[PDB]
Amino acid sequence: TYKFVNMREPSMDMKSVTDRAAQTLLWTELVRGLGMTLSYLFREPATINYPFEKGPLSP
Amino acid sequence: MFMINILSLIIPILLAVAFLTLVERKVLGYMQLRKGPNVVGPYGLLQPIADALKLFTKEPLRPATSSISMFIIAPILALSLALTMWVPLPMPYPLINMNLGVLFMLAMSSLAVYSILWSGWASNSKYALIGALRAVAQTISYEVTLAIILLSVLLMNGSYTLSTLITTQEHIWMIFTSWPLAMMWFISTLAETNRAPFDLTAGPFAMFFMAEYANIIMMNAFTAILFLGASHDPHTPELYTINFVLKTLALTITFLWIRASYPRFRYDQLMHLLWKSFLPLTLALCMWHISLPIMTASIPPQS
Amino acid sequence: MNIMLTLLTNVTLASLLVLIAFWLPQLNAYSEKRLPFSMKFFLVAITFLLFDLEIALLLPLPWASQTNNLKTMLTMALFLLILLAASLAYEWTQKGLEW
Amino acid sequence: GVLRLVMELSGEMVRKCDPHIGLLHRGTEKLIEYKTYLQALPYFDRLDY
Amino acid sequence: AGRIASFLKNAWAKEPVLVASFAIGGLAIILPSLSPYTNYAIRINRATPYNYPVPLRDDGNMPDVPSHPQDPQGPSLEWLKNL
Amino acid sequence: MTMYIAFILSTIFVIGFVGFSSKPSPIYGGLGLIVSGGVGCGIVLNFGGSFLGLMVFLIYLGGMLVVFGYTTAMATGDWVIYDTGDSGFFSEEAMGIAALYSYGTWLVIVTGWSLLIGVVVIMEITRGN
Amino acid sequence: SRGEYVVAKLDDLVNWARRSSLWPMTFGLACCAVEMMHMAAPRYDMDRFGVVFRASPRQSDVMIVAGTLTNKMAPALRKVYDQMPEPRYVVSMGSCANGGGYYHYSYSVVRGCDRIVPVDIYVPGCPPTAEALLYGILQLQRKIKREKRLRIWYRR
Amino acid sequence: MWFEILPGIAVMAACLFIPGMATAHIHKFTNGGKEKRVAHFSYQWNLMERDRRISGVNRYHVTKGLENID
Amino acid sequence: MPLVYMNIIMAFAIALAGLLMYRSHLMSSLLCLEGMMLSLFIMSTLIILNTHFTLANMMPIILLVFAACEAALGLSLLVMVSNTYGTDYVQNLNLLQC
Ligand SMILES: CCCCCCCCCCCCCCCCC[C@@H](O)O[C@H](CO[C@H](O)CCCCCCCCCCCCCCC)COP(=O)(O)OCC[N+](C)(C)C
Ligand SMILES: CCCCCCCC/C=C\CCCCCCCC(=O)O[C@H](COC(=O)CCCCCCC/C=C/CCCCCCCC)COP(=O)(O)OCCN
Ligand SMILES: CCCCCCCC/C=C\CCCCCCCC(=O)O[C@H](COC(=O)CCCCCCC/C=C/CCCCCCCC)COP(=O)(O)OCCN
Ligand code: SF4
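Protein chains in written order, with the deposited numbering: chain B, 37 to 95; chain s, 1 to 201, 217 to 318; chain j, 1 to 33, 48 to 113; chain Q, 93 to 141; chain U, 2 to 84; chain m, 1 to 76, 123 to 175; chain C, 41 to 196; chain S, 1 to 70; chain k, 1 to 98.
Misleading hints may appear alongside valid ones.
Straight-line alpha carbon distances no greater than 30 Å define the calculated DSSO-like cross-link-like pairs of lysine-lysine that follow [as the list claims (entries may be wrong)]:
{"no.": "1", "chain 1": "C", "residue 1": "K183", "chain 2": "C", "residue 2": "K119"}
{"no.": "2", "chain 1": "U", "residue 1": "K10", "chain 2": "j", "residue 2": "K109"}
{"no.": "3", "chain 1": "B", "residue 1": "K39", "chain 2": "B", "residue 2": "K51"}
{"no.": "4", "chain 1": "s", "residue 1": "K262", "chain 2": "B", "residue 2": "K51"}
{"no.": "5", "chain 1": "C", "residue 1": "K112", "chain 2": "Q", "residue 2": "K122"}
{"no.": "6", "chain 1": "s", "residue 1": "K126", "chain 2": "j", "residue 2": "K109"}
{"no.": "7", "chain 1": "s", "residue 1": "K291", "chain 2": "U", "residue 2": "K82"}
{"no.": "8", "chain 1": "U", "residue 1": "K82", "chain 2": "B", "residue 2": "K51"}
{"no.": "9", "chain 1": "C", "residue 1": "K185", "chain 2": "B", "residue 2": "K90"}
{"no.": "10", "chain 1": "s", "residue 1": "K262", "chain 2": "S", "residue 2": "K64"}
{"no.": "11", "chain 1": "C", "residue 1": "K188", "chain 2": "j", "residue 2": "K109"}
{"no.": "12", "chain 1": "Q", "residue 1": "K108", "chain 2": "j", "residue 2": "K54"}
{"no.": "13", "chain 1": "j", "residue 1": "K54", "chain 2": "j", "residue 2": "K109"}
{"no.": "14", "chain 1": "C", "residue 1": "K185", "chain 2": "Q", "residue 2": "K108"}
{"no.": "15", "chain 1": "C", "residue 1": "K183", "chain 2": "Q", "residue 2": "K127"}
{"no.": "16", "chain 1": "Q", "residue 1": "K108", "chain 2": "s", "residue 2": "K126"}
{"no.": "17", "chain 1": "C", "residue 1": "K119", "chain 2": "j", "residue 2": "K33"}
{"no.": "18", "chain 1": "s", "residue 1": "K291", "chain 2": "S", "residue 2": "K28"}
{"no.": "19", "chain 1": "S", "residue 1": "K34", "chain 2": "S", "residue 2": "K64"}
{"no.": "20", "chain 1": "C", "residue 1": "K49", "chain 2": "C", "residue 2": "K119"}
{"no.": "21", "chain 1": "s", "residue 1": "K262", "chain 2": "U", "residue 2": "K15"}
{"no.": "22", "chain 1": "j", "residue 1": "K85", "chain 2": "C", "residue 2": "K49"}
{"no.": "23", "chain 1": "S", "residue 1": "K64", "chain 2": "S", "residue 2": "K36"}
{"no.": "24", "chain 1": "s", "residue 1": "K126", "chain 2": "j", "residue 2": "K54"}
{"no.": "25", "chain 1": "C", "residue 1": "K119", "chain 2": "C", "residue 2": "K185"}
{"no.": "26", "chain 1": "U", "residue 1": "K82", "chain 2": "B", "residue 2": "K39"}
{"no.": "27", "chain 1": "C", "residue 1": "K49", "chain 2": "C", "residue 2": "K188"}
{"no.": "28", "chain 1": "s", "residue 1": "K126", "chain 2": "j", "residue 2": "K33"}
{"no.": "29", "chain 1": "B", "residue 1": "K90", "chain 2": "C", "residue 2": "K119"}
{"no.": "30", "chain 1": "S", "residue 1": "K64", "chain 2": "S", "residue 2": "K28"}
{"no.": "31", "chain 1": "U", "residue 1": "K10", "chain 2": "j", "residue 2": "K85"}
{"no.": "32", "chain 1": "s", "residue 1": "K291", "chain 2": "j", "residue 2": "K54"}
{"no.": "33", "chain 1": "C", "residue 1": "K185", "chain 2": "C", "residue 2": "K49"}
{"no.": "34", "chain 1": "C", "residue 1": "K183", "chain 2": "C", "residue 2": "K49"}
No wet-lab data here; the hints were simulated from the structure.
Pulled out of the complex, with its shape left as it was, chain B reads as follows:
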C-alpha cells in the first residue's frame, strides 16, 4: 500500500477562492503559528536543575 502526500486539488468556487484570498491578505496561518508558540510559553519547561538533579539512568 502507498499514500499520496501532496495530491490535493484546491476548490475553484468563489467561496474557496475568497477563503484563500483572506488567508493571503489577513495572515491566518501566521497567526496560527503565533498561537501555537504562545501556548508553549505557558506550559512547564522540561529543564532539570543540574547538578542538584540528575538525569535518569539504569543498572
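Starting from the known structure of chain B, arrange chains s, j, Q, U, m, C, S and k with the ligands on it as the hints suggest.
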C-alpha cells in the same frame, strides 16, 4: 537643568537595552520549553552585567590594514543616531518639542544606513562587502514604504508634530481607523531593523549591538505612539507614561515572539515581498487616505 | 541651542564609550601576534532614489489639505500617486524587479 | 556536520557547485579488516550517528 | 461579460494583492466625485479664520455688512455647529 | 551674538567644499560632501527653514549620497537682514510649499512627467545588449 | 594592605564575569556534536548557565572539539583557533578528540586534538552524555574561578 | 515557570519609566508648577515674550492677574 | 549682500573649479556636480526665505528633485563605462577626439 533631562533620557534607555537581552533570552527559552539564564544573579538579573564586563575585558581585533578612521566612525554614528531618535517622542512630554518631529525621525532613520555601508567598506573583504550591500539594499527598500505609510497615516493627524498624535487618538486608537497600514508598518519596521524573519546578516561589536537594540525598542515605542494612542491627563502624566511603556513592552515582546515563530526569507523573497506586495498596496491606501478626509469632511485642524 | 546640546551630548557619550571600549584591553600586554559588480544592486539603488524623489514631492500633503481648492489639490495628489504607480508598473513589466 | 563547498555563481544564481568531502575520513573500512566480526560491529554505530 | 468575470475570478486567485490594491485605488479616484460631504469640507476650510478680518469703512450703502459681530448680518456657522 | 554662528557655519561649508573638491579617493570626497551637506542643512535650519533643511537632510543625505556611496563601494553682517513682524498662526514656508498642489499644478505636471521619463531612461541606458 | 586587596577583589569580579558568560564555538565534526546539541536541548539547557548556543568564532570564549580530527581537517581547526580572541579555552569532548579513540591507529586521523591546540578540559566518553559535558563545562567554570591574573601582575 | 520572565521585564519597565516621568517633573520645576509652554507658529512665542516682558522678573511663567491692573 | 552669500557663492566656485580640474575618477566629477547643486539649494533657500517670497518656497524642492534625477542619470553612465574598462578613470574616454 536640561543636562539632567538629557542624562535621564540617555542612561535608562541603555539600561533597558541591557536588560532586553535577558528578556529576549528568557522569552525565547520559555517558548522553546526551556528557561533563559537563571543562574547568574537571583533570576538571571545579573546576566547582562556579566555579559558587559566579559565583552569589555576581551582582546579587540583590528584589521591592521583597513581604514581605522571609518572603522571607529561607524559605531559612533550608529549609537549616536540610536540615542538621537528618542528626543522627539512624547511620553507624554517630549524632551525636544519639534514641529516636524516625524520628519526628523525619518531623516535619522535614513542616515542610519551609513554605518552599515562604512563597516562593510572598512571590513577589507569582498564577502563582507557583499553582505553590507545586501543589507543596505534591504534597508533603503523598506524605508521607502515606511515613509509612504507614515505620511498616509499622518494625513489624519494634521501635522508632523508627534504631540498631536495624542490628541488625534483621544477617543479611539488609530489601529481601528487604519489596520492594514499598521500591519505593513509593523512588518516594515521588522525589516528595517534587520530582525527575523529578515536577519540575513568585543567593544565596537557591543556598541553596534546596543544601537541595534536601542533602535528596536524605539521603533516599537514609535509604533505604539502612532497606532495605540494612550489617554493623557494634563494633571497626571504618569498614567500616560505607564500606558505607553506597557504598550511598548508588549510590542517588543511581540518582536521576540515573531523571531521565535518563523523561518527566515531569502533575499529575493523579501525584496519581492516589499516591491510587489507592500508598494502597490501602500500606494493604493495612500490614495484612499488622501481621498477619505475630503470625502467624509473630516480634515484635521492644524495648518 | 537645546538640540545642539543634545546632539553634542549624544555624540560625546558614544565617542567616550567607544574609545574606552577600544582602549581598555590595549593597556595590558598580550601576544599581539572583487570584479563582479552585479547590476541588479545598482538598479535597486537607483529605483529607491527615484521613488525617494517622488516621496519628497508627496511630503507636503498634510498641509496641502487646507487650501479651499480641494478638488484641484485632490486631482494633483492623485495624479502624483498614479504617476508613482505607473513608474512601478513600467519597472515591473520590463523585468526590472528580478533576481 | 563538517563540509567544504567550492562553488561559482553568476551573481545570485549558483552556476556550479562542487562539494569537497573527506574531512571525516577515518579509514573505517581498512580498520575493520584488523578486527573480528564482533569487534568490527561497533564501527557501524559510528557510521551514521 | 463572461471573459471579464473569468479574468476577475482568475485575478482574485493567485493575485489577490493586486486586485485589492487596484480596487482601493479606483475607489479613491471615483468616490470623491460622488460624495455629498466634500462641499462641506470645502466650506469648513473656508470658515477657518487664519487672518484678521479687516473692517470696511461705512458709507451708508452696506445693508449686508454687520456693524458688530453680534449683529445677524454676515455668514453663520450653525451648519458647522449641527454637523 | 555667538561670534557670527552663521559665518562660522558658512566657513565650515566652504572648508568642506575645499576638502572634497581636491577629489582625493572618491570615498573621502563623498565623506567631505556628507559633512558639507550636514553643515548646509544646519545653516538652513538656523535661518528658519525647518522643512527645507530637513528635506536636505532626508532626501539629499539619506537617499542620494547614499546611492553615491553604494555605487562607489560596488566599484574599486548677519542677523540684521531679518524681518520684524511675525508669521501668524502658521509657518509661512509650510504654506508656500503646500501651495504646490493648488497653485503649482503646471510644476507638478512637468515634474511628474520628468520623473517617469527618468525611470524609463534609466532602464534603457542600463539595459545593455 | 589595600594595594593587594583591590587587585584581589577586581580579579574576583573579572573572573566571575568571564566564567558566568561563556560563549562557545562548536566543531561538530562527528557524533559527539549530537550529545552537545542534546546538552543544548530543553532538558539540560546550557543557555540557563549563561552559555549561549552557537556563538560566532570572532566573539567566542571557548572552543568545543566534539568529534574526530582528521589530517584533512587539522589546519582548518588550527586556523579557527587562531582567529579566536583572548582569553580563550578549549574543551575536548569524547575519545576521538581526546586521544584518537576508536580510530587511533588510522593513517588519516590525528591522534588527539592536543597535537594541534592546547586543551583545558578533557571530557571522556564515546560519547560523553549531555550530563558529562555539562559537568565538564562547570568544571571549566571552576578552573576559570581559580585563576588570578591581577595578583600575578601586581606581584611582578 | 513563565513568571520567572516577569522580574527582568519589570526591571526594564522601570528603566523605561525614568525618561518620561523625569521630563514632566523637570517641566514642573523649570516652569513654575505648570506644563512647559508650547510655542509653535510664532504667535505663541509672541505671547511668551510679552509675558516675559511684563512679568517683571524676566520669567514668562510668572503670571499677572487682575491684581496687576490697578 | 552679506558675507554668508559670499561664502555660498565661493563654495559653488570651488566645486565648479574642482569639477573642471578632472584629476581622475569621473565619480569625483559627479561629486563636484552635486556639491554645486547643494550650494545652489542653500543659496536659493536663503534668498527666498529672507524676502518672504512665499510661493517661491516650492522652487528649492523642485530644483532638488530635478538635480537628483540628473545625478541618477550620471551614475548610470558611469556604471556603463566601467563595464567597458573595469575602472571609471577619465583617461579611458579617448576613443573620440577632435
Ligand atoms: C489645451 C491643449 C491640450 C492639447 C495639447 C496637449 C499638450 C500636453 C498636455 C499637458 C497640458 C495640460 C494643461 C493643464 C494646465 C494646468 C493649469 C490649468 O488647468 O488650471 C488649473 C486647473 O486644475 C486642473 O484640475 C488641472 C488638472 C489637469 C492635470 C491632470 C492630467 C494631466 C496629464 C497631462 C500630461 C502629463 C503626462 C501624460 C499622462 C497621460 C488651475 O486650477 P484652479 O484651482 O482653478 O487655479 C488655481 C489658482 N488659484 C489657487 C489662485 C485659485
Ligand atoms: C470600502 C473601503 C475600504 C478600504 C479598503 C480596505 C480593505 C483592506 C483589505 C486588504 C488589506 C490587507 C493588507 C495587509 C497587508 C497585506 C500584505 C500581503 O498580503 O503580503 C503577503 C505576505 O505578507 C507576509 O508574509 C509578511 C509576514 C512576515 C513574517 C512575520 C509574521 C508576523 C505576523 C503576525 C501578525 C502581525 C501583526 C501586525 C499588527 C501590528 C500593529 C502595530 C502576501 O505575500 P505572499 O502570500 O507570499 O504572495 C504574494 C504574491 N501573490
Ligand atoms: C484603475 C485605478 C488605478 C489606480 C490604482 C493603482 C494603485 C497601485 C497599484 C499598481 C501598482 C503597479 C502594478 C503593476 C502591475 C504588473 C502586473 C504583473 O506584471 O504581474 C504579472 C501577473 O499579474 C497580472 O496578471 C496582471 C494584473 C492582474 C489584474 C490585477 C487586478 C486588476 C483589476 C481587478 C479589480 C478591478 C476593480 C475591483 C473589482 C471589485 C469591485 C469594487 C506577473 O507577476 P510575476 O510576479 O512577475 O510572475 C509570477 C510568476 N513567478
Ligand atoms: S566514536 Fe565516540 S568520540 Fe567518536 S563520534 Fe562516536 S561517540 Fe563521538
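How the hints compare with the structure:
{"no.": "1", "hint": "C:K183 x C:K119", "verdict": "holds (25 Å)"}
{"no.": "2", "hint": "U:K10 x j:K109", "verdict": "holds (25 Å)"}
{"no.": "3", "hint": "B:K39 x B:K51", "verdict": "holds (29 Å)"}
{"no.": "4", "hint": "s:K262 x B:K51", "verdict": "violated (37 Å)"}
{"no.": "5", "hint": "C:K112 x Q:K122", "verdict": "holds (18 Å)"}
{"no.": "6", "hint": "s:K126 x j:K109", "verdict": "holds (28 Å)"}
{"no.": "7", "hint": "s:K291 x U:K82", "verdict": "violated (46 Å)"}
{"no.": "8", "hint": "U:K82 x B:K51", "verdict": "violated (46 Å)"}
{"no.": "9", "hint": "C:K185 x B:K90", "verdict": "holds (24 Å)"}
{"no.": "10", "hint": "s:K262 x S:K64", "verdict": "violated (41 Å)"}
{"no.": "11", "hint": "C:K188 x j:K109", "verdict": "violated (65 Å)"}
{"no.": "12", "hint": "Q:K108 x j:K54", "verdict": "holds (21 Å)"}
{"no.": "13", "hint": "j:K54 x j:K109", "verdict": "holds (11 Å)"}
{"no.": "14", "hint": "C:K185 x Q:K108", "verdict": "violated (51 Å)"}
{"no.": "15", "hint": "C:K183 x Q:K127", "verdict": "violated (40 Å)"}
{"no.": "16", "hint": "Q:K108 x s:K126", "verdict": "holds (20 Å)"}
{"no.": "17", "hint": "C:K119 x j:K33", "verdict": "holds (14 Å)"}
{"no.": "18", "hint": "s:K291 x S:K28", "verdict": "violated (50 Å)"}
{"no.": "19", "hint": "S:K34 x S:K64", "verdict": "holds (15 Å)"}
{"no.": "20", "hint": "C:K49 x C:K119", "verdict": "violated (36 Å)"}
{"no.": "21", "hint": "s:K262 x U:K15", "verdict": "violated (36 Å)"}
{"no.": "22", "hint": "j:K85 x C:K49", "verdict": "violated (76 Å)"}
{"no.": "23", "hint": "S:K64 x S:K36", "verdict": "holds (17 Å)"}
{"no.": "24", "hint": "s:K126 x j:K54", "verdict": "holds (17 Å)"}
{"no.": "25", "hint": "C:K119 x C:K185", "verdict": "holds (28 Å)"}
{"no.": "26", "hint": "U:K82 x B:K39", "verdict": "violated (72 Å)"}
{"no.": "27", "hint": "C:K49 x C:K188", "verdict": "holds (10 Å)"}
{"no.": "28", "hint": "s:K126 x j:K33", "verdict": "holds (24 Å)"}
{"no.": "29", "hint": "B:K90 x C:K119", "verdict": "violated (37 Å)"}
{"no.": "30", "hint": "S:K64 x S:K28", "verdict": "holds (19 Å)"}
{"no.": "31", "hint": "U:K10 x j:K85", "verdict": "violated (35 Å)"}
{"no.": "32", "hint": "s:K291 x j:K54", "verdict": "holds (16 Å)"}
{"no.": "33", "hint": "C:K185 x C:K49", "verdict": "holds (12 Å)"}
{"no.": "34", "hint": "C:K183 x C:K49", "verdict": "holds (17 Å)"}
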